[PDB]
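2 protein chains.
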Amino acid sequence: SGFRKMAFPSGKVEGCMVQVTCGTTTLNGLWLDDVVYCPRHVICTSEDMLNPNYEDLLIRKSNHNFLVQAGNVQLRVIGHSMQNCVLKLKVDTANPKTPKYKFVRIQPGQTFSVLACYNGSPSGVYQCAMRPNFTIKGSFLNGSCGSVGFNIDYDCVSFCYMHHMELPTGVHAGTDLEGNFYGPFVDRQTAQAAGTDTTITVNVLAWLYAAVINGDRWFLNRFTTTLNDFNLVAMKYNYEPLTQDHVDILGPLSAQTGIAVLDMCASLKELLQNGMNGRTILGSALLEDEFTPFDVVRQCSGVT
Amino acid sequence: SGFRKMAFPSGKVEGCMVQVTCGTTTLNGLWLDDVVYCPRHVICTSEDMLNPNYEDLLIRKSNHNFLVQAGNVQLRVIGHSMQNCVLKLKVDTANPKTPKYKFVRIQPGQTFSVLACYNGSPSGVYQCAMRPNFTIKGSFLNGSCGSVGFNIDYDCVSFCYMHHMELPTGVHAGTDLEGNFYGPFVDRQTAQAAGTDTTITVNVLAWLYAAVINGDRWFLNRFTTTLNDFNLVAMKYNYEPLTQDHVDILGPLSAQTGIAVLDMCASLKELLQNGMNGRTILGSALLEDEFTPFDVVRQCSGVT
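In the order they appear, the protein sequences are chains A and A'. A prime marks a further copy of an entry chain.
Numbering-wise, the deposited numbering puts 37 at position 37 of the first sequence, and it's gapless, one number per residue.
Numbering-wise, the deposited numbering puts 160 at position 160 of the second sequence, and it's gapless, one number per residue.
No lab work stands behind these hints, which were simulated from the structure alone.
Each hint should be verified, as a subset may be incorrect.
Stated by the list, open to error - Short, incomplete list of chain A residues facing chain A', as computed with Cβ under 10 Å:
{"no.": "1", "residue": "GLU14"}
{"no.": "2", "residue": "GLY138"}
{"no.": "3", "residue": "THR169"}
{"no.": "4", "residue": "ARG222"}
{"no.": "5", "residue": "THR224"}
Stated by the list, open to error - Below, computed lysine-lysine pairings styled on BS3-like, alpha-carbon distance capped at 27 Å:
{"no.": "6", "chain 1": "A", "residue 1": "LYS97", "chain 2": "A'", "residue 2": "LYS61"}
{"no.": "7", "chain 1": "A", "residue 1": "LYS137", "chain 2": "A'", "residue 2": "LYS137"}
{"no.": "8", "chain 1": "A'", "residue 1": "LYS61", "chain 2": "A'", "residue 2": "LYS90"}
{"no.": "9", "chain 1": "A", "residue 1": "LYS100", "chain 2": "A'", "residue 2": "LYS97"}
{"no.": "10", "chain 1": "A", "residue 1": "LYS97", "chain 2": "A'", "residue 2": "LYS97"}
{"no.": "11", "chain 1": "A", "residue 1": "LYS100", "chain 2": "A", "residue 2": "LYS61"}
Unchecked claim - Not close to chain A': a few residues of chain A, all C-beta gaps over 12 Å, as computed:
{"no.": "12", "residue": "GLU47"}
{"no.": "13", "residue": "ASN53"}
{"no.": "14", "residue": "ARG60"}
{"no.": "15", "residue": "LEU67"}
{"no.": "16", "residue": "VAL114"}
{"no.": "17", "residue": "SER123"}
{"no.": "18", "residue": "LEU141"}
{"no.": "19", "residue": "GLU178"}
{"no.": "20", "residue": "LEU227"}
{"no.": "21", "residue": "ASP245"}
{"no.": "22", "residue": "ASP248"}
{"no.": "23", "residue": "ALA255"}
{"no.": "24", "residue": "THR257"}
{"no.": "25", "residue": "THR304"}
C-beta atoms are modelled at their ideal positions from N, C-alpha and C, and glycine is treated no differently.
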């Protein structure tokens with residue numbers, strides 16, 4: 001029993017973190033096979049960041065200007081290219097600790113683990129969600145750029161995120177591992193505002209199921225609803241619309257608990273309208289939206 | 001910016017997890033040098049657990065009855081002893097991945113990372129606190145026993161917890177690595193109730209400091225208080241008494257923010273008396289008590 005905000009074990013990713021330095025900028029890189037991936041803004045001064053022309057800045061850079069360090073051993077850079085907003089540094093050594101891995105672009109609402117790194121050294125691991133506005137709410141200080149987000153399926157690390165930017169509101173933007181930003185963000189120090197940070201409705205429902213499974217049942221009511229009725233209340237509370245796809249995804253949790261998805265919608269509807277009234281659910285005073293239905297099944301079933 | 005419930009990177013501990021089987025019971029062990037540490041209840045049937053005589057049960061066990069598996073390779077058990085509530089299995093191979101390590105007994109309020117394991121395989125990592133009643137609020141399914149809690153200081157893993165028990169209220173009890181339970185708990189399936197789960201006041205204050213540092217300031221008031229005045233309100237709200245030792249510990253956060261500890265006490269006092277009024281602090285609707293002042297300094301400074 002018990003339900004915790006749980007990150008993947010970080011070891012397989014720890015083994016891939018390196019330090020990348022270009023002149024006076026140091027940040028983190030991901031070493032997979034004989035390639036190091038890092039944010040292309042490694043080539044920028046904070047002055048450059050106001051209005052960087054990456055192609056022009058990059059002409060001034062040779063392989064020997066990228067200093068790659070894995071532990072306290074230097075890697076030899078034998079080539080470099082820009083793909084979107086990431087640099088790929090070809091090194092002469094394949095990372096011996098390269099895990100099985102994929103690059104995947106996640107959808108809003110999808111959760112992942114972040115291994116926060118400074119100077120190529122892991123400092124911590126926490127669980128995030130891609131917010132519906134394509135930001136994440138991370139913990140990233142200066143030097144944390146090139147820290148990555150990942151999921152693990154048995155022994156395969158799916159890398160979904162590389163950290164690039166803090167917005168002026170202190171939320172976080174970054175790229176997939178082909179250097180494409182999530183959302184409309186760019187690697188430039190300019191006015192960039194996030195849209196509405198809506199609640200990930202399907203994730204809240206999953207977490208309400210986790211609560212029932214773990215004995216927190218006080219919020220279960222005598223009501224049901226329909227997707228259209230629920231969705232009218234969801235809109236009003238800046239919750240993402242619930243689709244039949246989401247209902248389908250919640251089916252196994254529905255089955256295990258014997259609570260119809262629409263019944264749990266009606267419980268969530270009353271929680272939105274009536275509040276928690278100073279009560280908690282799984283030790284939270286707000287509705288948690290950073291567990292996916294898959295996360296809840298995983299933690300409630302004990303997958304490794 | 002941003003502040004997250006953050007676990008230590010788990011790799012160094014992943015490298016120490018093994019599967020221990022005695023007859024029909026499988027759980028997790030910790031392999032350090034040529035010793036495997038596991039809960040002594042590995043020798044019990046669920047029937048045994050009602051009223052186990054561990055010394056008598058153990059006479060029936062030989063080295064060959066303990067099956068230790070690291071990945072998919074079997075370790076040879078060359079000796080076994082009971083220390084308090086743990087078994088120590090001497091194996092013929094030193095764990096090649098043994099990190100620098102200490103066994104430490106933590107105090108209530110101290111935080112640590114848990115690497116939740118099943119069959120010797122890491123499933124996740126989360127951050128806990130030793131509760132003032134010497135329970136933890138974990139996420140532990142059947143097979144999770146022998147999962148460990150740890151802190152890391154640069155490259156030294158301090159192991160503070162091994163998971164043994166779920167109480168009938170679904171909170172968790174376990175031992176230090178010399179097999180001494182935290183609190184009054186025993187490895188027997190019997191009525192064992194936790195005491196009052198009080199809030200770790202010094203941790204809440206630390207987290208209020210983290211909030212101010214990260215721009216969440218709405219709760220800062222025009223009032224101050226004294227330890228005796230604050231403590232009268234703390235008692236009433238099932239908060240742990242604040243001592244001058246705690247005030248001393250908060251000094252650096254006091255200094256960095258320029259908010260006197262007693263001023264922040266007066267802010268916390270108003271939050272207790274007045275509630276959050278539907279507002280959040282660092283994305284929480286309740287006062288978070290599972291960050292130590294050291295945790296807050298670490299995450300706000302970027303230690304690796």
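Right, here's what the structure says about each hint:
no.: 1; hint: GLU14; in the structure: 4 Å, holds
no.: 2; hint: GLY138; in the structure: 5 Å, holds
no.: 3; hint: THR169; in the structure: 9 Å, holds
no.: 4; hint: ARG222; in the structure: 26 Å, violated
no.: 5; hint: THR224; in the structure: 27 Å, violated
no.: 6; hint: A:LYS97 x A':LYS61; in the structure: 39 Å, violated
no.: 7; hint: A:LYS137 x A':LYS137; in the structure: 24 Å, holds
no.: 8; hint: A':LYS61 x A':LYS90; in the structure: 14 Å, holds
no.: 9; hint: A:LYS100 x A':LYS97; in the structure: 20 Å, holds
no.: 10; hint: A:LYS97 x A':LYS97; in the structure: 14 Å, holds
no.: 11; hint: A:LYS100 x A:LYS61; in the structure: 31 Å, violated
no.: 12; hint: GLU47; in the structure: 21 Å, holds
no.: 13; hint: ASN53; in the structure: 27 Å, holds
no.: 14; hint: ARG60; in the structure: 29 Å, holds
no.: 15; hint: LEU67; in the structure: 18 Å, holds
no.: 16; hint: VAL114; in the structure: 8 Å, violated
no.: 17; hint: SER123; in the structure: 5 Å, violated
no.: 18; hint: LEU141; in the structure: 4 Å, violated
no.: 19; hint: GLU178; in the structure: 25 Å, holds
no.: 20; hint: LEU227; in the structure: 27 Å, holds
no.: 21; hint: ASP245; in the structure: 26 Å, holds
no.: 22; hint: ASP248; in the structure: 26 Å, holds
no.: 23; hint: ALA255; in the structure: 19 Å, holds
no.: 24; hint: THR257; in the structure: 16 Å, holds
no.: 25; hint: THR304; in the structure: 4 Å, violated
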